[PDB]
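J.: For this one, chain P is given, so just place chains B, S, U, A and G with the ligands on it according to the hints.
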Amino acid sequence: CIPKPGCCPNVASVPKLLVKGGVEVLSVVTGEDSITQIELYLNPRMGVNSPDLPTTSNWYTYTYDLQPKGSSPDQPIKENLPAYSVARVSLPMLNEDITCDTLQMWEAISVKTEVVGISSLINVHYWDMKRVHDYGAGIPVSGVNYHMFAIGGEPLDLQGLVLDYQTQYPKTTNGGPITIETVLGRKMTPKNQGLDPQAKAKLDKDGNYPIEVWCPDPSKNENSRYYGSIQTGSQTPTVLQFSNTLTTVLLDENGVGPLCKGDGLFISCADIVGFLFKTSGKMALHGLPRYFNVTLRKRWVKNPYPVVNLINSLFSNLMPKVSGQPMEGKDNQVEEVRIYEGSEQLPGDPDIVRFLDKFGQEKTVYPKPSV
Amino acid sequence: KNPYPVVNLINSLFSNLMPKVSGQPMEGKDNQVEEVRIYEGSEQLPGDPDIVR
Amino acid sequence: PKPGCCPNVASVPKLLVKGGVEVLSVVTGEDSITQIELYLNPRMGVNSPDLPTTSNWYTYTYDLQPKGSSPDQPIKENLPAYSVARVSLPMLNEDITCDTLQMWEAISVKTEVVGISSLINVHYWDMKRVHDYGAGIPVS
Amino acid sequence: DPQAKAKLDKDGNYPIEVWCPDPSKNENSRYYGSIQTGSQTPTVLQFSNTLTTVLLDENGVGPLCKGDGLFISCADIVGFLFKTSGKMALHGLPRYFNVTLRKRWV
Amino acid sequence: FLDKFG
Amino acid sequence: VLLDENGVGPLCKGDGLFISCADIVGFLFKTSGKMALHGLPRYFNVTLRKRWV
Ligand SMILES: [Ca+2]
Ligand SMILES: [Ca+2]
Numbered sequence: 018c019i020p021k022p023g024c025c026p027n028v029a030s031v032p033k034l035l036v037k038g039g040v041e042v043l044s045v046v047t048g049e050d051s052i053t054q055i056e057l058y059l060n061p062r063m064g065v066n067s068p069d070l071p072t073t074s075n076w077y078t079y080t081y082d083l084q085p086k087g088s089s090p091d092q093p094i095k096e097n098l099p100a101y102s103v104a105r106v107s108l109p110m111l112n113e114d115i116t117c118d119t120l121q122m123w124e125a126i127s128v129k130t131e132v133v134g135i136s137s138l139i140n141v142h143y144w145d146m147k148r149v150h151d152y153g154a155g156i157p158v159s160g161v162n163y164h165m166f167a168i169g170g171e172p173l174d175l176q177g178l179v180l181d182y183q184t185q186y187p188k189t190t191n192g193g194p195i196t197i198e199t200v201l202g203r204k205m206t207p208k209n210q211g212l213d214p215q216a217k218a219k220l221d222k223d224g225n226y227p228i229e230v231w232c233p234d235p236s237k238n239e240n241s242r243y244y245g246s247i248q249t250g251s252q253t254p255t256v257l258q259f260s261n262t263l264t265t266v267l268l269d270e271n272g273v274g275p276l277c278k279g280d281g282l283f284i285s286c287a288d289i290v291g292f293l294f295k296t297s298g299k300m301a302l303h304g305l306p307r308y309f310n311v312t313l314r315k316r317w318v319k320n321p322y323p324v325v326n327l328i329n330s331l332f333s334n335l336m337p338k339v340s341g342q343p344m345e346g347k348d349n350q351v352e353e354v355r356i357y358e359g360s361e362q363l364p365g366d367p368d369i370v371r372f373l374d375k376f377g378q379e380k381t382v383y384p385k386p387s388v
Numbered sequence: 319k320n321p322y323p324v325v326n327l328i329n330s331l332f333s334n335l336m337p338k339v340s341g342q343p344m345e346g347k348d349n350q351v352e353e354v355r356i357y358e359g360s361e362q363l364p365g366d367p368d369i370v371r
Numbered sequence: 020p021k022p023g024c025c026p027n028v029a030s031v032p033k034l035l036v037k038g039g040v041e042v043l044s045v046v047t048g049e050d051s052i053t054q055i056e057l058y059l060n061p062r063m064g065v066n067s068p069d070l071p072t073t074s075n076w077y078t079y080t081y082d083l084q085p086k087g088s089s090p091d092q093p094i095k096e097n098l099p100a101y102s103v104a105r106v107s108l109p110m111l112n113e114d115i116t117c118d119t120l121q122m123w124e125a126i127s128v129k130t131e132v133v134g135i136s137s138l139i140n141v142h143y144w145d146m147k148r149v150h151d152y153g154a155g156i157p158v159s
Numbered sequence: 213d214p215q216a217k218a219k220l221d222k223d224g225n226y227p228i229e230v231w232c233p234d235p236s237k238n239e240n241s242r243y244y245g246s247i248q249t250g251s252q253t254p255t256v257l258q259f260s261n262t263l264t265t266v267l268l269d270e271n272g273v274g275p276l277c278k279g280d281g282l283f284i285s286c287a288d289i290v291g292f293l294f295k296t297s298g299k300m301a302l303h304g305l306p307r308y309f310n311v312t313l314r315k316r317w318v
Numbered sequence: 372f373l374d375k376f377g
Numbered sequence: 266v267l268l269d270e271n272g273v274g275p276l277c278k279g280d281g282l283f284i285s286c287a288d289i290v291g292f293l294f295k296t297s298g299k300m301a302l303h304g305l306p307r308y309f310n311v312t313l314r315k316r317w318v
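Residue numbers (the authors' numbering), protein chains in the order written: chain P, 18 to 388; chain B, 319 to 371; chain S, 20 to 159; chain U, 213 to 318; chain A, 372 to 377; chain G, 266 to 318.
The shape of chain P in the complex, shown without the other chains:
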């Protein structure tokens, strides 16, 4: 049975849609040629990081009043330290063909993102906004801007750089920001005003890595694609555009995107929109969330680490350790180690010494007077 091709009109071939729903849907088993899109969002984290707090949630997506202290040193509080936002999406397991030593992982192709809530900035009538002049309207949200987002299969690799090492950031006490002092274990040295390779940290928590001190390390982030922007000014205007047609491609120069290690999609973003000028003259930053529509596909890969080496490397650590006399390292208790293979004609010197050159070829040592 089949319909008449002439009697029946033809239509286009759009990609077939299997399912549309929430997070509980990713569990669906899909073929090797399937494609996944995830629409999600991240609220900003700028010191006031929770609306559930009964006392101080009036300033969610805001900071407390920013002021220079006036006397060294500086002691800023967490509520004045806006930090990056981050989240992880757990992806389902996939097949593997151990016979060919190849498995398959998720990769990201494209992300469709846009800053949400831009329309809310035209509110020039917040009851405490500083009038630009007498009998006038409010000073629109403007000034400093910082925008970045990062997509990768690993947590984003960061770099530490602070405008002044004299500042003393709050200590990490089971909560609170994490600063270079927390990573190194020492007070910040004036090297940190420049680039210090010692000051590096993976982005592991939300709202705990302030933007003032951390910046994306360009060296290590090879498995992540991050984009940035900034403008600094007293009351310079903020400009933003938005649409749902602009998409961004994440493939590299070699044709691969970020590979989700641990079947986890790592996302990080941060968007400052400007100041909130108050009648008191006091000032405070502000932010607003970000929209993400990451597209994912299935890519086959070859296991780089052969399983056998992992097995022994695993149980050895699990097996009870053995604290014997040192047999490796600086104080090894080993004197000679010889290695034989095959038969050769008898050489003259029985005290001969041979080794392998830096190029892997066989070499015979010519004896020399040891000083």
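What the hints contain is simulated information worked out from the structure, not anything from laboratory work. Ideal Cβ positions, reconstructed from N, Cα and C, are used throughout, including at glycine. One thing to keep in mind: the hints can contain errors.
Claimed, not checked - With a Cα cut of at most 25 Å, we get these calculated BS3-like pairs of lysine-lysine:
| # | chain 1 | residue 1 | chain 2 | residue 2 |
| --- | --- | --- | --- | --- |
| 1 | U | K299 | P | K208 |
| 2 | U | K299 | G | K299 |
| 3 | P | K237 | P | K219 |
| 4 | P | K237 | S | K37 |
Said to hold, decoys possible - Below, a sample of chain B positions facing chain P; criterion: calculated Cβ distance under 7 Å:
| # | residue |
| --- | --- |
| 5 | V325 |
| 6 | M336 |
| 7 | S340 |
| 8 | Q342 |
| 9 | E345 |
| 10 | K347 |
| 11 | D348 |
| 12 | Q350 |
| 13 | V351 |
| 14 | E353 |
| 15 | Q362 |
| 16 | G365 |
| 17 | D366 |
| 18 | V370 |
T.: Leaving out everything else, chains B, S, U, A and G with the ligands in the frame of chain P:
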């Protein structure tokens, strides 16, 4: 039949291969995900793109 | 075995070694590709963090002012200068008698300014306010 | 003045107020530049690990490392630091470099 | 999900 | 590129090409409040060839 891929399963034990973070709620009662779509193969074009089942 | 039975995976360049400057001593074949990730600190006249006293102003300059009377006698700390460096690369030719020699060629450079995210600090303890009771003036 | 030329010999000793890249003589090199004046004008910057810059010339050849050495030079001034007293001071930031190299026969 | 084994 | 729609550049008549330029960079705010313009030179690397006409 072993339902679990061995390599993916064993790599979970290694830290650098399975990184974990304390990110925003993206799973459960407070999931910050609005929609998820799965595409496989091609079909004849449907009228409504926002199909309601 | 079983070539056709195995799935097909893409072909990417083969990573042969990864490490620090130590790697530059390593030789390699003719059709090789090397890639160097490095950095350079800014020399704003205050050019060393190790000095005892004046290092507090690293990556900065002393207070710039016009003298108000000719001539101008500026100190080095108000003269920001370029930042230069050279990296040593390994030799490529053991024989010179060969009609053709080979040298290192650079094709693409990936650059980025480090530490941009720090500029939002508008609360330096001595930073001038934009207005009374306001916040400090950002780096501009 | 053509007589006022020199080579970027050392670091922290060739001021920016005085020296500028001589366009005529920098043949085996590739340089890029930017500037903005203004007392309190905003500073804008962008960054990504996707922006690579091709160094090849119009004839299809890049810079050749004479003397088995790669020469790199950079300078980035970010802006002022308005102190409460009224004083003003410049500031700079480092740069990242990910040079890609190969072997050409000559 | 690998996260669920823990 | 100096070529026009017809793939023809400027023809150096009189066995010589002519160059003209002008670049101002801004004012010089003197302490007395007075002002004065300022300019910078230009480097030119004209590439040119022979054509039959
Ligand atoms: Ca790297
Ligand atoms: Ca020339």
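J.: Please go over all the hints and tell whether each is borne out by the structure.
T.: Results of checking the hints against the structure:
1. U:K299 - P:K208: At roughly 24 Å apart (the allowed maximum being 25 Å), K208 (chain P) and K299 (chain U) satisfy the hint.
2. U:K299 - G:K299: holds, 23 Å
3. P:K237 - P:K219: Measuring from Cα to Cα gives roughly 10 Å; hence the hint holds.
4. P:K237 - S:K37: Roughly 12 Å between the alpha carbons, so the hint for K237 (chain P) and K37 (chain S) holds.
5. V325: holds, 5 Å
6. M336: holds, 4 Å
7. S340: holds, 5 Å
8. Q342: This interface hint holds because 4 Å falls under the 7 Å limit.
9. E345: holds, 6 Å
10. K347: violated, 11 Å
11. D348: violated, 10 Å
12. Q350: holds, 5 Å
13. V351: With Cβ-Cβ at 4 Å, under 7 Å, it holds.
14. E353: holds, 4 Å
15. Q362: Cβ of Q362 (chain B) sits 5 Å from chain P, so the hint holds.
16. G365: violated, 10 Å
17. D366: violated, 11 Å
18. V370: Hint violated; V370 (chain B) Cβ to chain P Cβ min 9 Å, cut 7 Å.
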